[PDB]
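Only one chain is included here, represented as structure tokens and corresponding to the form deposited without its partner chain.
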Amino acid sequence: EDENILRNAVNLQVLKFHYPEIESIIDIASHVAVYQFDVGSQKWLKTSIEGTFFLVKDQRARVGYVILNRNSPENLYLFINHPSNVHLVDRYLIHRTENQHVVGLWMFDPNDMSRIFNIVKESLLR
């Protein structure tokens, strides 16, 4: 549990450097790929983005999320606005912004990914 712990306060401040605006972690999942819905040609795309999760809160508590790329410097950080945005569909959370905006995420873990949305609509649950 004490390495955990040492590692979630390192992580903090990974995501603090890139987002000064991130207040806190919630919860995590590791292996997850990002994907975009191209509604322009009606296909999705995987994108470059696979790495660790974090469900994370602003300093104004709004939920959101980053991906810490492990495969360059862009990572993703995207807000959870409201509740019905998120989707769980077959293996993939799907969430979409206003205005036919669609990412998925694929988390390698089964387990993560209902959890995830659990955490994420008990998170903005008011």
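Numbering follows the first chain given and starts at 1. Basically, rigid core = biggest C-alpha set you can superpose within 1.5 Å across the two forms. Compared with the form deposited with its partner chain bound:
Looking at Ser48, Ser84, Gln59, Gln100 after a core superposition between the two forms, you find that only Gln100 has a C-alpha shift of 2 Å or more.
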Contents of the next structure:
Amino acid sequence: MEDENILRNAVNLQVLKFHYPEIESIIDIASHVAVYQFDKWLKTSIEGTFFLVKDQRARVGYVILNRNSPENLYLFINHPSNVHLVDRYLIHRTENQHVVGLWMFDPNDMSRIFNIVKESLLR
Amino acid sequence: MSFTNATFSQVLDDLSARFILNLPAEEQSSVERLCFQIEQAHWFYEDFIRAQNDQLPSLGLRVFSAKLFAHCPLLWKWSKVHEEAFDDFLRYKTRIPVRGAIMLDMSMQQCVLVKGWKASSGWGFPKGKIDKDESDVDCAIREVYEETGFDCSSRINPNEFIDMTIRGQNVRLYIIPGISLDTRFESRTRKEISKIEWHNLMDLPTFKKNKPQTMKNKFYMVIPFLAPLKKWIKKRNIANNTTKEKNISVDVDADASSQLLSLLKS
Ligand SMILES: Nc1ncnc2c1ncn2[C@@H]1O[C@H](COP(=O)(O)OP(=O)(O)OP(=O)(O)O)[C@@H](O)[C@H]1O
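Follow the form deposited without its partner chain with the form deposited with its partner chain bound, if you could.
Below is the entire complex, every chain and molecule, led by the chain shown above.
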């Protein structure tokens, strides 16, 4: 039954808005993402459930609700050109000109998010 | 300190959204694959959340899991035969055993804790895995000795301990009161350890009713044993003025746990 999904969406959105009240919409979700940084890839402490979110001012971004500690990550994707698929990472060029590497344990999540990201910052 | 003002209900949603809610359907249907994530949540709860909100109750896995189901819609479509088999599995999952001790002073208000170097390592009770054919008591004696330099074979009591399943391990910490308050600790066989110190129980994150935690200490699997400990001491004090120790143990995942499950589940 579809009821469970309507229910699953509402919980998700509550959980995120509780952490970040500006968030208005969830675009898509990957169950398990690991975060890597540069300087060559280095492993971070942040690893958990990935949510592709849209801001109230319509800013696309993502939340990882970290599994290892209550220290979550939340970054904006300002422009489509700030993202790339290399080496099975979804690579993201932050405002702070850091290079982030997102590892979707599910390759399918990788492709689906990348694509919807491009579409969501297109319109 | 995100969860300091969250209700129990909001905390339950988070842990759900965080660990189990957004799993692929097949993983939710896998007792093992789901039990793992729930084991992670229960620990995240005891170790991180309760630390900023002591109002939140300390729960054994089995109970915590039940309440985590209430905040997970995709699990509501399933049989009583199914949910009972799962709980069964939570009760008897083959888990790595870990033994050690909670070393207390004579006055039972201070305990011995061990810290790695790394800033990512929080203080913890002396504990470790079991060597082949080694006995529970014998493993505890060994871990304490290696980590602490203190030989406890003369004071360890096979009848006095706390059992608890936390983060996918079956922890047993023997409770050894009356440790000399100027014991000198050593860790020469354990090069990883940098500090080994007496801490006041009253300074431990959830120990005293409404003492807030200062952000100046990190603790590993300490907080979860504090509820069973308060209970141990209460009881050991009753015994001290009535008979003689020996009997006093506290099994978190046993009766106390099934009593509470019946109250929820009935
Ligand atoms: N003292 C500690 N402080 C913080 N995190 C810890 C500590 N001990 C273990 N962990 C965490 O627990 C996870 C798994 O435990 P880990 O393998 O590090 O312990 P271990 O010493 O191998 O356990 P065992 O005693 O069973 O061998 C790791 O991700 C690690 O971050």
